[PDB]
Amino acid sequence: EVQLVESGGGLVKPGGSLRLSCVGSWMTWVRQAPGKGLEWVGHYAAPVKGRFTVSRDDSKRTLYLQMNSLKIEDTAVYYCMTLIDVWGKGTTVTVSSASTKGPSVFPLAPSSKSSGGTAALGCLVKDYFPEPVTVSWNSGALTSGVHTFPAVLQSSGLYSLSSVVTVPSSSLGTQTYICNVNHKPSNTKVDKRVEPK
Amino acid sequence: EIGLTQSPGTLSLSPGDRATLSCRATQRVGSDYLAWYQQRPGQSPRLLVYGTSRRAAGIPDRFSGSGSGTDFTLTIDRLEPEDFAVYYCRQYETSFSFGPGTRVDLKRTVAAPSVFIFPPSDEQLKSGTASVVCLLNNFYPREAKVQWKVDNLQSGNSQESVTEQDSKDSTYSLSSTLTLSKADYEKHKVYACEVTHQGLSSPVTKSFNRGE
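Residue numbers (the entry's author numbering), protein chains in the order written: chain B, 1 to 25, 33 to 50, 59 to 82, 82A to 82C, 83 to 94, 100N to 100O, 101 to 113, 115 to 131, 133 to 215; chain A, 1 to 27, 27A, 28 to 94, 96 to 110, 112 to 153, 155 to 214.
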């Protein structure tokens, strides 16, 4: 089947530059900022004209997007597109001046009975960079009720996230709850016991 | 040169309903230069129709393209559970921009949020920052409102995030976290979270006093 693979996406400082490539087996580049819609970059767009330059090699089967003098707003997932359309899997480009940091995990202790089988508790995955982070509960045993929210980018440039779970209020005396936070970019694994306060 | 708008922002329908999405342009677009894309959460976009009305390969018959000039519509004749996604329209004549998107979610019985409030942990207070978290759990529709009261005081600096529509229950969950310094936090007593929602006849408030 007609497929496309992308590479070259990584972490870059705001002033820096990066090049991402797409090999096939006309071409279009589009990006998607976190939680926003598809934005056409070039195939130039007004925010990227002048700084971005699309090149193409018909010999080595590749399409290049040369991103020079990046900005924070350039942080997105860039896609290849070229009747049967085919799209690459995407590679994320993150532009920030913050350095890689492991999250600080804080308990969201169960309180606020709101009772009748439902109690809420969770963990606060705070001040980490970059994305993504993985949160599981009781080493993967707890899967019903867990909501791991999409991260928000704080003003400091570090992300923050909350992962909550609803459990029978009868069980929080008996059952113990630990959340497993895994931040692969920083090679950090944290287990935090959440107990009532 | 040309801007695009889509209506509505979110579309709440049930499986077996007929969906009609709209793409409107600021200036006229030729009928060979308007396409429609579909994107499910966590996947790459997919071409549905191109040239206003022509379908792409392997696309079911429910998807119908229509429109001309400055108004275009995408029709999904009978919705299937896999058809609940985000749909973008794209022009490619003078301007090549995408539209804002239209979210199509499963219409579900109205569900009021389960509100929970979490005080800052003593471990966090050892760092010099206090972040109190309000949780709105398993509600529908997606539209909800959260307001913060550090004293019976209205705030202007907090952050929120909302989950995607759950694959099984078809509900949403929202978390609003208020970030204060430890100096600010220790000064005030009663911390309240006010929640407004279509499933609530009157606003729900959950609060705690710092001493507890």
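Simulated from the structure, these hints should not be mistaken for lab results.
Take these hints with a grain of salt, some might be off.
Claimed, not checked - Selected chain A positions facing chain B (Cβ under 8 Å, derived; list incomplete): (1) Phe62; (2) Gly66; (3) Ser67; (4) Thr93; (5) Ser97; (6) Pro100.
For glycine and all other residues, C-beta sits at the position ideal for the given N, C-alpha and C.
Structure-based check of each hint:
Checking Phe62 (chain A) against chain B: minimum C-beta separation of about 14 Å lies over 8 Å; hint violated. A distance limit of 8 Å between C-beta atoms decides the matter here; for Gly66 (chain A) the minimum to chain B is near 19 Å, and the interface restraint is violated. With a cut of 8 Å, the hint placing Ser67 (chain A) at the interface with chain B is violated, because the nearest CB-to-CB distance is about 20 Å. Using the Cβ-Cβ criterion of 8 Å, the hint placing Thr93 (chain A) at the interface with chain B is not satisfied: the shortest such distance is roughly 13 Å.
A hinted interface residue such as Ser97 (chain A) counts as satisfied when its beta carbon comes closer than 8 Å to some beta carbon of chain B; here the least separation is about 5 Å, so the hint holds. Given the 8 Å rule on beta carbons, the hint for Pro100 (chain A) holds: about 6 Å separates it from the nearest Cβ of chain B.
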